[PDB]
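There is one chain below, alone, in structure tokens, taken in the form solved without the partner chain.
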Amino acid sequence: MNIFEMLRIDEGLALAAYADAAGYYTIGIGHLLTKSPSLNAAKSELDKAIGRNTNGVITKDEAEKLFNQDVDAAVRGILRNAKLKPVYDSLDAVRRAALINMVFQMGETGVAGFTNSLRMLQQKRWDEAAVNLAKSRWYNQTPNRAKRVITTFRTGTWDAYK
């Protein structure tokens, strides 16, 4: 297994836009239409990313293209961050996928907010990080996903996804 299959399991696939638990418009495989509060700004944004004047619905191909774009953006956002990069550099391949998964869901700035947890990961304090990440707004709003991602950081295995 790799990061793309792990995220496909966590993001799912939808060909028309939908609102998440916080009300953010998403489409495809976890693709955020926009950060803006404005709803009108969301469709405009999508069309620019899709590269066509959409009518609301996209194709599986456009979704997978967006997915490739977004997984790449997540990884780069980690490396461009002073708080995330060092953590990433210290982790094994499986756990790096877990970190990317979080950034893909919450964005670089949002993940950089897990100060104590990040530092425990960098120190290889698996169980400590696991208990602390479970005590968060992220876990409360998306507990099934948080649990799987946390199980991954805890064990260093893909068991929560197979």
Second form
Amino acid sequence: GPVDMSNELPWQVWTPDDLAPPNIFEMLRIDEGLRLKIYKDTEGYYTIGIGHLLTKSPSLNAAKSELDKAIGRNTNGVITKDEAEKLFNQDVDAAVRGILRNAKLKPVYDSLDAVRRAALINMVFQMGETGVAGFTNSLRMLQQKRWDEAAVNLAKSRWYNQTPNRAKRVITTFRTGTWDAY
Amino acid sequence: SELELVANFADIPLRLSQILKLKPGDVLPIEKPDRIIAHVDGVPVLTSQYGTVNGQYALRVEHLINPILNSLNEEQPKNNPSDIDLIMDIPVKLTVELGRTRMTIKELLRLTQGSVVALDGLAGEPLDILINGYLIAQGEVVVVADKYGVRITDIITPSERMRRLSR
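Can you give me the structure for the form deposited with the partner chain bound, which would complement the form solved without the partner chain we have just seen?
Expanding to the full complex; the earlier chain stays at the top.
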């Protein structure tokens, strides 16, 4: 031990969350776009701003209301660009925070270099933790740096089938470890 | 060429009597900060998010504090239209530093919102604790349940704390 300290309470040494990698913010603006009014997203759920999922399930009243709590004002289902911006900021951090606390996603995230971690956040940003943690074999493949194998498996998913142009970009990022798809 | 960007994790308002009694193992309670201020020569220059990159502590610059509008591509105007037996028990602030990085001027002036700056401190390795801008101790951020603190791991003698304090 480096020190000889009298320990009364169960204090645990704390380390902060990893910072989001570059260029996740530009990446996500590209894939999520921007809307200042509530819409149904490519997976059927109410969304706002830059991919900010409002309610997991029906409907607008709850959406507008969870929007109302998210923004802290009456909104009427409409927000500001800078409101969208601050939601986005929060969302990116909350995604990273969630991954790092997810017993299944965390070893994969840790494995990956920065560019590929962006891709994983992008997925989680799109489908949430529970959804992304379901790609069991693709994840283990990612953990084991079998890039082509994970890549070809990922193209065999509902996700890819529902949003091919986004999924292709993300899978190209997983496969290559580069930003050429952006 | 060349200054020090200094990230302050936390400021801890203590009384001098507490400071003279501090020892390894003492835990100072703090609020976990979300944003923090980085300074240069004691002058706050930006606020930022913080975390780690490659195991190093790092900053994501959020806002420049009172930035200057670049108007160097135009001529300067002549005017601007905008023209001791018993020692007193004083409160004293302990500064806990997340870390520092040496940067050139050119490098410092070329960061804005979203700039990620890596500090020279490793995650896990103890933090500098200062008094009046003087190193007096090291500590580690520590937590139980909901409560955060800074646990002293190493510290100079009371006489020396006093010495750095006065100067």
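Positions refer to the first chain, counted from 1. We call the rigid core the largest set of C-alpha positions that still match within 1.5 Å between the two forms.
Visitor: After aligning the rigid core, which of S44, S38, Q123, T115 is the one whose Cα travels 2 Å or more between the two forms?
Guide: The only residue crossing the 2 Å threshold is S38.
Visitor: Rigid core superposed, I'd like the Cα shift of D89 between the two forms in Å.
Guide: Taking the core as reference, the C-alpha of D89 is shifted 0.3 Å.
Visitor: Would you look up how far the C-alpha of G56 moves between the two forms when the rigid core is overlaid, in angstrom?
Guide: C-alpha shift for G56: 2.1 Å.
Visitor: Superpose the two forms on the rigid core, then give the C-alpha shift of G77 between the two forms in Å.
Guide: Here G77 registers a C-alpha shift of 1.0 Å.
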